[PDB]
Amino acid sequence: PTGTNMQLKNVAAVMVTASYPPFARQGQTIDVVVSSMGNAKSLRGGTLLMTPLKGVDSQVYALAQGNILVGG
Amino acid sequence: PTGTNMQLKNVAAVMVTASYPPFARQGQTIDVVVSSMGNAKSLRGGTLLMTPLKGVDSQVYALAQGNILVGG
Amino acid sequence: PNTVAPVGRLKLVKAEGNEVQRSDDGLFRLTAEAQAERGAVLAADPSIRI
Amino acid sequence: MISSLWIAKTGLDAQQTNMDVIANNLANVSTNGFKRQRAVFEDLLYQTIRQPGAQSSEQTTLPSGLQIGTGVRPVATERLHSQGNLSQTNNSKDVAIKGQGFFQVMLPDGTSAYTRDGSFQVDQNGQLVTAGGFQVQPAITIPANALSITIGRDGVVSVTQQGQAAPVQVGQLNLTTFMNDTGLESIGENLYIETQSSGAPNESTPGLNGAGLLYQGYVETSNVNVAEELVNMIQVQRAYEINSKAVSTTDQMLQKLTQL
Amino acid sequence: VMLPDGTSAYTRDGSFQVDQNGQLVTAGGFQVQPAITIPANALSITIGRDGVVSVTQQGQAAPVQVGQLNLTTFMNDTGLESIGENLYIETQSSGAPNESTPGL
Amino acid sequence: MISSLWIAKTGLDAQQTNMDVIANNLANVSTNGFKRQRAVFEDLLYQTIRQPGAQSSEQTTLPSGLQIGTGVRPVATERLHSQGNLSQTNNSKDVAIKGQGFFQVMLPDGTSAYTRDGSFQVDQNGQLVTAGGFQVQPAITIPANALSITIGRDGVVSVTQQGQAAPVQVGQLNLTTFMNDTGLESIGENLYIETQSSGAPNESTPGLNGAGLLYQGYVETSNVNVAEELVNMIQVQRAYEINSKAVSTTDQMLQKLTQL
Amino acid sequence: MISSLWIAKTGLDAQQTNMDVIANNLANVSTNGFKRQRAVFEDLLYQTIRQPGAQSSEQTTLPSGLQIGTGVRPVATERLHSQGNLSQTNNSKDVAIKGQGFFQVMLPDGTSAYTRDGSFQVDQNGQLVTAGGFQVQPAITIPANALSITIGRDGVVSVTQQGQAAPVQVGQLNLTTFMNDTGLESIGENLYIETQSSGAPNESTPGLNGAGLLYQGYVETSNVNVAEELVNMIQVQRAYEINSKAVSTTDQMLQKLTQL
Amino acid sequence: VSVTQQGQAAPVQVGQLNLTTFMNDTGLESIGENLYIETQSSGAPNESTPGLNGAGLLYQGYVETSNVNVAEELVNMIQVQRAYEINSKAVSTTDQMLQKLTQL
Amino acid sequence: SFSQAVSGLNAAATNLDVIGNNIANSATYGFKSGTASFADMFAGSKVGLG
Amino acid sequence: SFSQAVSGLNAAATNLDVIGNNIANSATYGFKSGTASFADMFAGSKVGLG
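These protein sequences, in sequence, are chains t, s, AC, 4, AI, ZA, 5, AN, ZF and ZG.
Take the first sequence: its letter number 23 is residue 96 in the authors' numbering, and every next letter is one higher.
Take the second sequence: its letter number 14 is residue 87 in the authors' numbering, and every next letter is one higher.
Take the third sequence: its letter number 16 is residue 167 in the authors' numbering, and every next letter is one higher.
Take the fourth sequence: its letter number 89 is residue 89 in the authors' numbering, and every next letter is one higher.
Take the fifth sequence: its letter number 26 is residue 130 in the authors' numbering, and every next letter is one higher.
Take the sixth sequence: its letter number 259 is residue 259 in the authors' numbering, and every next letter is one higher.
Take the seventh sequence: its letter number 98 is residue 98 in the authors' numbering, and every next letter is one higher.
Take the eighth sequence: its letter number 27 is residue 183 in the authors' numbering, and every next letter is one higher.
Take the ninth sequence: its letter number 26 is residue 27 in the authors' numbering, and every next letter is one higher.
Take the tenth sequence: its letter number 34 is residue 35 in the authors' numbering, and every next letter is one higher.
Accuracy of the hints is not assured; some may be wrong.
[Said to hold, decoys possible] Selected chain 5 positions facing chain AI (Cβ under 7 Å, derived; list incomplete):
1. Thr111
2. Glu194
3. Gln196
[Stated by the list, open to error] Using 25 Å as the maximum straight-line C-alpha spacing, the simulated DSS-like pairs for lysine-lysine come out as follows:
4. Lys245 (chain 4) <-> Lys245 (chain 5)
5. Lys256 (chain AN) <-> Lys245 (chain AN)
6. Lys98 (chain 5) <-> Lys47 (chain ZG)
7. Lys114 (chain s) <-> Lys82 (chain s)
8. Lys114 (chain t) <-> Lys82 (chain t)
9. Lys245 (chain 5) <-> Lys256 (chain 5)
10. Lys256 (chain ZA) <-> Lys9 (chain 4)
11. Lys245 (chain ZA) <-> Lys256 (chain ZA)
12. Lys245 (chain AN) <-> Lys256 (chain 4)
13. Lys245 (chain 4) <-> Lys245 (chain AN)
14. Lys256 (chain 4) <-> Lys93 (chain 4)
15. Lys256 (chain 4) <-> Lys256 (chain 5)
16. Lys114 (chain s) <-> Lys82 (chain t)
17. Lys245 (chain 4) <-> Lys256 (chain 4)
18. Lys256 (chain ZA) <-> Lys245 (chain 5)
Note that these hints are calculated values from the structure, not bench results.
Here a beta-carbon is modelled for each residue, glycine too, at the ideal position from N, C-alpha and C.
Use the sequences and the hints to build the structure in full.
Structure below.
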């Protein structure tokens, strides 16, 4: 429902950045960097949900989803 | 009834992520990752109920249900 | 005041008189017999209240 | 000495301020164009002690912790700028405002003050001055042998001369309106000076832009309503008495501490 | 009352407060057992003689039943262990905590 | 500072408002085309110390819980729009309305007010004006060489010149009617202006779809009844005295609470 | 810290509540369609100590053993739903109820409230509303050119237009009756809403199985009896005196124990 | 909020008074000058129109006064004073017992 | 509410002044009687000024 | 007794107005005299309303 209070603690909004390599072909995999965006304490053992990586032209060039590795 | 107060303690809402392998055939099994979504303390010995795993095209490609293994 | 967030938890342990010995600087430490059974470091007791 | 003593002292001071405002309102019943005053009070500081919202347990919070308050202080004094009841004094020199305008007069220092009092006189030079002798910007000079002075609803002042069948115009009584009338600084003598919180002086004729209409022969009495003042006197007396009782209780507590 | 460690204590101090997530808790914040959750749109909160907690919602000529504030009765109440923070815990000489609907 | 004091401080103010309405009605007992006022009151807050109907047990409800109330507030003073008695002044310039319509008059600022006062005069230029000098619609002009003015039951104004056996029509007087007459905003000088609660001004001719009839040589007096105002003064005085007695009883309770 | 002081404090609070109810009743004397309220108190618990009826000795029992009581607490405030005396205001839109019914209005929120006050006006759109602007069910629409509005004993609202000898019916005013009339929740503004202790709203025609008769030109004044209020004020003042004396006596006793 | 200007027969709407509703009112932090700030015990400030979603109505020309009951405070002062006089006597008794003990 | 009644008293006094002046000139060639007209002083509605 | 008496006062005033209207129309061709009819306003049967 539109009018409701959700107060989550296990979810963080993040920005994912990656490099599109030369001569990249569909189906190949690349590394991504996940950075928190607002008042999140940690991203220790989180899992990145399906994220479309846009280019400068605002077109989806990659789809990101995986487990984050934080140093510790 | 629509108007009622349910205050559960043994139930957690989770997101399940998996990889659809190459040349996957119906009836085969894959591993899934279960991540809590809101203010849940732990998922120590929980059981994942029937979960349909959608693709990018929002079509069900797998059905998930099992016992979660948390390190401890 | 909305910013108030937890940072860390104090370690609170449970030990009787027969298990601890006052070191020369006034700080109590586990005795030999008690240390051999309870380990080197005392695990925090979740029941302790401050 | 003790916190409760300071808090009750602040309460006593606030009630004395309320009584001062009450007495000022009561002393000005007969003042023309007077506006009653009201005091606004606020809570003083709040000692924090326990933080409300702090983490008491790993999954519980501290609801509404220990906040200890200090006394009370008056925020500000606000006037009730409303239309007072009119009184007929049957005088050609007295003008009353029906809306929300002010007369502009010139102080001897050259700066301009604003008054809602309409009791005007004519000096030896013939200039329309107030009861204190300040020259009511602008000008309204009066000819030598005037028979009657007619001030219209729109501020046109005319003089009827002898042997002339048409009245002559000798000025134009204008009204000044402000964005915030409560922000004008009272200086006494029924005079208000401009401040930065009273906006800017908007000069206008009577009838346009909101400015009020002028009635000749009437004066605007004060808006002080007595019954409210009497009930508020009862309130002030009883609250002062309670706070004095609290001071006395603190005194007895401290004395018992001293004896031991 | 539910202690942070997970065991239950018992108190008679009836001064309660609703926490951010509704839920009635004691003055120290410990949740009062079993829970009564008061919504946000409530105009008046009534705890009845029997312990039925009903709230009034706008436009609803009828109250919404929220919860029952059942109590706990012991046999030898004098044997309880007073742990400090206005809480009693069950001791060897005050066993068998019997939950009941108040009045029964 | 205590609940009963505020409640009896609202009672005093409401009764003072009632006395103000009565006194204003009695002061204007002779003004033509006057409509007397009636103040209406309503209950203030009701503290739901025990909400009515709360479920005490699981099967027994609590009937009529502890609903401690606050004082009183007045909604408004409404104008009792009734037909005042007509009188015979026999001045060709006095006209009275028989129905429920209003005359339209043009204010100096360009807007239009509405008045039921029929005492009309002629200015130096020959236009029909209200006794306050406001020019009445539709700007009926009257020549200098006029011998008699005839305003018929349909609002037609005719002027008979010298030595001519036929009258000359100089205009047509129209009446404005509103959906709600009470909602009009009174601006003094027997003038009412349109408010959004009064709908829109429907202009109509006197005898058609609901405008009243005009009688020449007649003035519409006020509808104020003196005896009813006297009785209402008696009851309001008694109510005010009794509420003041409640104030005094609360004061005594607080005093002998503090004195212990 | 001492029991007698808590008991006397409860007594003082109950007497203050009674005085608050009295002041609220006296503040609403001029309110039309107002019902006076009366508070009812109960005692609070009873310390057991020695269970009466216990075996005083092997063959005998204790008659009426040692019970120590706590203070007092108010149960509820019940209204007195009785026909307030009627008054003739000679207005075609004022309606009074002779029996036991209520008018239904719609709040802006869409819910339905119930009011007994019949001081009605017409809005700019022509619908019959109350003094607070709330639209009275069932939504009687008064047309633009109405000459007279007639509301009969059975709730029919008719409008007589110009030149038509027959009146045009424009609505039907019904009354709502409740099984428990005192159980309604008063929200102020002369408005009561349905609770679960007030049964269900039964619509009925004004003259049928128990709805009252509607009188046009009449208003139902409040049923507050003022002499009873003065006597009850005397009673409340004396009771507050005695309770304060009990508090002071307890204060004097604890002093001697401190001195010990 | 409607403002009536001269000439116009219809008021002009200027603004809307929005009421902020909390779900746990007492959990607010009193910051001094008649102001409360939200805390973790009174989260989610809900803007609403007055009269809807459980919010209150607005009465113009009236101000809500303090809800301090006066007799309760005076009786409480009596209780507090005598209580501070019985605790001081306990202090004095302990002091005398200590003086007698350490004197020998 | 005192000024409101004082204004009505003054209006009645003016009416009686006019009536007395008219009566005193009962037999006075070329005399035309006088009549006083009154208008209320409403400020912003809901309150009267006299 | 201040609402039961006010009703009788108003009824007597109405009767006197009717009588005065009859007197004023003593010489008016085609005029018909008027009379007033009054009725009690009882409620319960033990409570009179005027």
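Okay, the hints, checked on the actual structure:
no.	hint	verdict
1	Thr111	holds, 4 Å
2	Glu194	holds, 4 Å
3	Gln196	holds, 5 Å
4	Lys245 (chain 4) <-> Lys245 (chain 5)	holds, 17 Å
5	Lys256 (chain AN) <-> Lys245 (chain AN)	holds, 16 Å
6	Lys98 (chain 5) <-> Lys47 (chain ZG)	holds, 15 Å
7	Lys114 (chain s) <-> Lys82 (chain s)	holds, 10 Å
8	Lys114 (chain t) <-> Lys82 (chain t)	holds, 10 Å
9	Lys245 (chain 5) <-> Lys256 (chain 5)	holds, 17 Å
10	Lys256 (chain ZA) <-> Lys9 (chain 4)	holds, 23 Å
11	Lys245 (chain ZA) <-> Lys256 (chain ZA)	holds, 16 Å
12	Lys245 (chain AN) <-> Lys256 (chain 4)	holds, 9 Å
13	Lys245 (chain 4) <-> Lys245 (chain AN)	holds, 23 Å
14	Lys256 (chain 4) <-> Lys93 (chain 4)	violated, 69 Å
15	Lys256 (chain 4) <-> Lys256 (chain 5)	holds, 13 Å
16	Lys114 (chain s) <-> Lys82 (chain t)	holds, 9 Å
17	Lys245 (chain 4) <-> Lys256 (chain 4)	holds, 17 Å
18	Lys256 (chain ZA) <-> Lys245 (chain 5)	holds, 9 Å
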